[PDB]
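Given next, in structure tokens, is a single chain: the form solved without the partner chain.
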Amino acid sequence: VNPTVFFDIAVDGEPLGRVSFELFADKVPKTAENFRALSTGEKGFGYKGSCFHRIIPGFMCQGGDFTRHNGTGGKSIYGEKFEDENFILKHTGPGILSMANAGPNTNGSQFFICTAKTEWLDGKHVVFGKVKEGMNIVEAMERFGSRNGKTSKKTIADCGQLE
């Protein structure tokens, strides 16, 4: 069965709620495994304690830069940025979980959660999961964003894999 991972989100250190995701390991196993392992921290690094540095209401929440906290860092579990695995899945609406990148074949650890349909990203960003529980928490997060993406308050307080 496809894995499920959770993030416990905090705003300025205060608990907000939990978001869980189904990872589409049946369709993008390499990309799903990267996100899964970064969520459990089992390789010795990952998402716990990192922030969502760019949140644009009506578009997306972006995070996963656990090394520089601003969109310039992050790394995959593969010792280098990795390839676009496939583009089977499309950006169909809110809740889609997709990889951030800076060009072809440059996936690291950064990802975004869509809060709208973003079809112009189809074929350019690898979709690999979707929000299962807590879309309402993603909507709460979105309120702390702004047009230029800066957040009005600061995190993934805990994360891991659910049965």
Given for the second form:
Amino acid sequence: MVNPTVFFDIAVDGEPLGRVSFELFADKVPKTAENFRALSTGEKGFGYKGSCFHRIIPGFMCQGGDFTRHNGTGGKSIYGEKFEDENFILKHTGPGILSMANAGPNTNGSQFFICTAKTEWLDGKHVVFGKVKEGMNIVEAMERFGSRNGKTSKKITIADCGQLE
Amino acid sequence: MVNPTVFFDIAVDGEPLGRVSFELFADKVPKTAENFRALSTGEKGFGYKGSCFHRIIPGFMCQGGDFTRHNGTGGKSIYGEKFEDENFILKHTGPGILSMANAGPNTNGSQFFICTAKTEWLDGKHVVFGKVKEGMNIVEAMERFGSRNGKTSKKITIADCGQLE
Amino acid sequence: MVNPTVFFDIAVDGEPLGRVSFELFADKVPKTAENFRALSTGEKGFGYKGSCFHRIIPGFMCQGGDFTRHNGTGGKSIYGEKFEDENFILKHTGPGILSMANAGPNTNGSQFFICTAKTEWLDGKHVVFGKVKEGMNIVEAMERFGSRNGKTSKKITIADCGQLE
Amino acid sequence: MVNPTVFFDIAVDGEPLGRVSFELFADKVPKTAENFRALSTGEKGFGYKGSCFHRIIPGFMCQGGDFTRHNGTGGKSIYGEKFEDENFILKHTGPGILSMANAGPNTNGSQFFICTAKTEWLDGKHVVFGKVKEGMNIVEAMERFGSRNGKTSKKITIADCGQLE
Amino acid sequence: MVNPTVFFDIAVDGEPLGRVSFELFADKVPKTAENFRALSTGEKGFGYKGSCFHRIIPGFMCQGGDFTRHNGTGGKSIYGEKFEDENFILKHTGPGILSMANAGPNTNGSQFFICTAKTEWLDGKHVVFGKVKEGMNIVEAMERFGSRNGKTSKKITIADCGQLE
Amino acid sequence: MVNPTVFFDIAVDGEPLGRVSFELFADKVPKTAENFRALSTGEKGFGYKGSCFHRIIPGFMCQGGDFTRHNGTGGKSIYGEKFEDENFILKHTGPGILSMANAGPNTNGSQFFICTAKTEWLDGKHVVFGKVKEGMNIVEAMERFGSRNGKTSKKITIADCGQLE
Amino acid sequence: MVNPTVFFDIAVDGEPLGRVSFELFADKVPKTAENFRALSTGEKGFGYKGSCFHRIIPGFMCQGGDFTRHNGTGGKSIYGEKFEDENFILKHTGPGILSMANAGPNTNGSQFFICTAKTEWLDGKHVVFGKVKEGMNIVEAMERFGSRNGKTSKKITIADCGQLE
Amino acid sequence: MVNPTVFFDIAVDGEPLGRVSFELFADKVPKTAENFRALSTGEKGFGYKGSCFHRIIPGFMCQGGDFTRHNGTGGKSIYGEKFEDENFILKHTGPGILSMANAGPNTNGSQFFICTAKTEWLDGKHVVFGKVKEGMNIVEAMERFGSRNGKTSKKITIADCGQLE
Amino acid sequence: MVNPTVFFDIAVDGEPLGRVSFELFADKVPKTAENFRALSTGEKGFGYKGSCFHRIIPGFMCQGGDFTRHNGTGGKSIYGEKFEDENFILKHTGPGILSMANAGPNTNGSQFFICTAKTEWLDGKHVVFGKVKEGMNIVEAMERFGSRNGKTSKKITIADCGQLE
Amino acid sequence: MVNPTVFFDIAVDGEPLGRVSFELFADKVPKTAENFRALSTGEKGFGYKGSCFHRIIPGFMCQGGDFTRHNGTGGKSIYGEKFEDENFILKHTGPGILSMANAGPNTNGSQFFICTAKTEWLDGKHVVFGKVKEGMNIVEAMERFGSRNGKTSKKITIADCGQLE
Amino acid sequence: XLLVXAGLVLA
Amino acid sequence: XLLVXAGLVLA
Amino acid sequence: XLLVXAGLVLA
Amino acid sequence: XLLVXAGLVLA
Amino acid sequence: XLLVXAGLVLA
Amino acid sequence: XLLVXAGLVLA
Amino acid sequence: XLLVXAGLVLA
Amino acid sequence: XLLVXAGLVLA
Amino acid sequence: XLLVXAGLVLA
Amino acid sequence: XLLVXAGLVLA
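For comparison with the form solved without the partner chain, provide the form deposited with the partner chain bound.
Complete assembly follows, chain above in first position.
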């Protein structure tokens, strides 16, 4: 097919911060890309609009996607409770990589993380499925509200989200 | 703990045939039993009421549970597209055994079969999760509408279903 | 030996769309290439002449080869009900790749798919055995009648087929 | 299901010897039992009528079933050129056991052997699927035409064969 | 060696419910039993005193031990973040069995559960290390505050704990 | 030490067709190459002088070396009934490659095949041990006596054989 | 078939000590029994007659069978250089157990040992294939020519050997 | 062979405590019993005489055998710096069981421990090779000098040692 | 994240010898680098300040890190008594490499060694996590106090240590 | 450290043939290289001086190192009876390579071979640890006293040996 | 044969 | 998702 | 289902 | 340490 | 198919 | 030996 | 815990 | 030890 | 030999 | 063949 682009419009506490757009690698991991794509559009009746980034550790990554419990213990995929690790073709090559958070092998739900640095210790255990197309500087701004233990200082929120191409 | 009992009120071409009740072994396979019980109550918004047994081979088993495609190619679990083979504690020990149909390892969904014979060649590949409690005479009656290749002679349908205990 | 070429004359509903010729990689996968060749001539007494492409998904592939059930649940090989994956030397490198559909490892029958895109997520799970030699534009024309779910809008049929070289 | 019984009428050089009937353990190995039943009735267009026992070793077994090359290099199943080793539930417990000959794991075709002794060293390498029901005296008579290396002195032929129940 | 007995005085919303004593099977699982014993006395500086049962599913189990995050995501052992599964000698034979909660293989920390039924589906995945000696009636009183999803209606707290034997 | 070179004088029925000489790669597969070299000199009392090429498939290969049953069911090595697959270093790279025939892993005896084409699907399953040094034109002449099933039209014989270097 | 009985007439330099007979378990390990049997009659051209028990350790075992190098570095089977470990159905249960000596897995040739004690530490590594039928007292006599290092004091020899039954 | 018995004369700060005799199960683990026997006779020029029990934990075990570093980091076997785990046939069934201490698999040297309790969590990891024959009360006395961390309060030494039978 | 730099101020007996700075590879092994960093600052209550190098073998390495037993048998990590081998991405490439000492797989604690030679035989078994940044001349000076058996001739101590970068 | 150089002064029956020096690759295989060095200097009280090359096969290798039985059945290491294969980094790349002889995996003792050709079929089964530095012509002189079966005609002896560097 | 699958039913 | 199976087609 | 985990509780 | 899990976050 | 075996030659 | 194979019969 | 090793003794 | 091998006999 | 272990150091 | 073993030398 052609690789989908999704966008997140990020708000910090109340105010608009900006838009980050992502290319999703459906040519490498189509089932993982479609899961994220459909949760961004909200087409199945649930998804990411309104959810917050619950763990941001500067120089490492920002973690979001738990739209149910909002603390890292929830999320559901469009395929169900959890789904298999699709493949490990792609690597955590540098800042702006989008990858799945999981609770061990084959427990992919909806939580993901945006890398703010190259994280190659994570290769082989987390499925890489996308990359920041536009708005890296908005992710760099998001970084600043985190801490070494993941605590955010302001409620970083996906105010709106959806597909572009 | 208490093991749940669900019932099916069978109809042949609209004419009511009779009630079959099943004990589900939640004590051995709780996740596989829960999937069945909930698809029988219809409490998740989809389930077995109205569907039919699409393949019946006399002296072997009656296969049902495909409520989406009605021909063996569909159905879904209450946990998603598919779920893991829970365990293989129980064996296909005789007539009345309720076991899961599948499309290979860890692809359980909604389709099941009621054994009219001991089927030990299936041990270790299909998860046993219940047994006919009352109404084995109704299942034996259903058998007479099969054929060597599984085609039914009448539309064998689950007119109603729900939980008893 | 020399690699065989076979052709398919496609018809949309009834009118003759055009011919797609294929090169079969008998130098890499001889048993799988021979299966397809013999089913194209119809020499063993059954084959693809008259079957339809039953699932077409634009930007991914056209699936066909089920001359038995015509819906994806049948077909058979000239070697028996199924045969093994011969090897996975070749890769789904891009449009026009011809590859075997299957229902798991070593369940190859007669169904196949013509890729209209590079599908590398399928590498190592589906045996690649040939490539469109002429008539890619006809495969492009077929794509239009498909859907995201695969359902065709006109009956796409292999009106005639056989070997050329 | 009830287990089938097939028979073979054996003829030494033309002269009738007698009939052996066999019970096929369809309740343990249904696919292997069905292959033998069907080749005995001859309902698929080929089977055992007229084939000979090409290798008899006294106090070991009589091996036959090669209806294509008649020397041990051929034979075929109703499923195709070969089929899987279904399971190894039954063991080579005594004289009268009917088991599959093969060319290594999962190469079952039509060749079989009747044990004239307990052959337990073969356990787990050859699928046992039946036992002589009546006529062990005819097998005992057959033995006498073999030698230490297997060549028979007279042509031992399955003059007729089919199903009884 | 002699197997230690520890105790827990339970309180519901402040108001004291009663004491439960547990025997720890040090003769079977000494490292796992020492971790529970030492976290009950508080001798290493941290422990269970003042923590709560965060998940109680009636007829199944009472889960506790998260003294760091109090909600199921924390806890720690006296050996470090996580420790190895010692062995799986014991089984979940009935009510009153005490076993380690975990987040996959070799992730034992401090969370545990007391079974209020036999849970043999958990055998081989959770290390069993103790059983209720006296006070089972208090565990049964605790059940009465949970629900199918595990939520408790009141605050179930381990007021005090220590060693008796 | 140096790589030996053996010759075969081919005779169609009885007419001298010509000589084929081969280099044996004793520097990659010394045990497989000594087997073939010794069977070509007849120094261990038995060997290829007088045997025939029993299976010739044009555009694929010429198979021979069964000096005991002359049809593909026999032959033996200088080390015994069968011997181990030495290694799979060399590949079936083109016409002239001399490789071992077998009956699955570690059943090498004396049967071999001379490739008249690149056969890379056989890589890793058959041990390559030599290549035609001279007489490739004679091998192409032999091909013409074969057929698609391998049966010849004239008896192709190794009238003489021996070592050169 | 029936289990062979073979004999050895042992000579201590000059005078005959006596005859030991052995039952060979051809009902369990036919390929390993035929090897000892054929080497005891000498029918294949070489065998045991004239060889010595080169290593005897009192209270453990008498080892012989190296007819080519006489010291423990030789011997050969009727199948060749070496042959597979047939199975390990039988155990080293006591005095007068006859078992294969080897140089690790699948290196059986001709060397064997007669146990003068229950050697269960060797189960699973050495193929047991026979037992002293009559003549244990001659083996107990042989014993007293050994030493803890295996050195014999006098030249123990198999003067004659062959098959009784 | 016959199972050896070795004795140790224990002394507490030079003052004699008593003798403990050990039966070594050379019928189960011959290479491990021989190493302990030769180290108790000191026949290879090094051995247990004069070494101490460096770690005693009451109601668990007494550990000794480090005759080179006297602190648990040395020792050597008569076969070399370390030797393989012979087998795990015997289990830690009760007090007086003699087992090998090690630094992970196949690192046996000369350290051992005498259990004063059944230690079944150790089964499968430490080779059991002997049992206290007489002197269990002396082992019990030794316990009085240890502590939970293994520290002894007086120097517990092997005053003399050797083979009794 | 940015790779931290730590320093050790080495003292020989009492005399200050110099400062060694280390870059820690937190971009490759973050859990291992963090352990060494936190132990060099002392921020968890224990750490390297005041510990000595107990084993220096000239032309190989200097080993230290045992701050609990000071002889090679202790040390502990900030994650507990042991932690997993994080990964083996980095190799023992030359002088100055910092790698973890262990007692076999997954037993990392606090002990480490500084290579004064390329030690590639250790690759795959010890986790490399740092490199001497400045002060190699000081490590070389420390070398001069060791011996072929590791025994130092001075108390080579870490007088101070901490993080710079 | 710096790789050691050792020499062997070779004698044919009595006459001095010459010196062969070897570089030992202690930077790759230090435990294997130390064993050979120590046995060359004789420092542990046993070693190579006076031993002979018991097997020389011209154009393949010279085998020596059996100082205890002198025929290939003995020798021992400075580490014990045998020691593990350290690693297989180096390959048998050409003449002058010095490698370990063994009797299967992890049976290294003292026997070794100097190849006079490239022997890549042995890669991965024998550990390479050195190379002829000076004296290759003396090895070529030794060759001439071998034969295809490996028996020598003269007593090739290591008259002297020791470390140079 | 006698199997219970969902989709490609075999003999 | 985007797979090509014969019988139980999944997402 | 009826499981006892620490963190991602599944059905 | 620096990991990204769902439920039991470790160091 | 195109294989080289000794005994049971398959397609 | 005593085996039952189809094509390459061994001892 | 209660183990018997030679060198690194763990709990 | 007490083993029965052909060639390298160990203790 | 040249190894870096924690507790039982071997050659 | 051309092997270098210690005790049972095969071809």
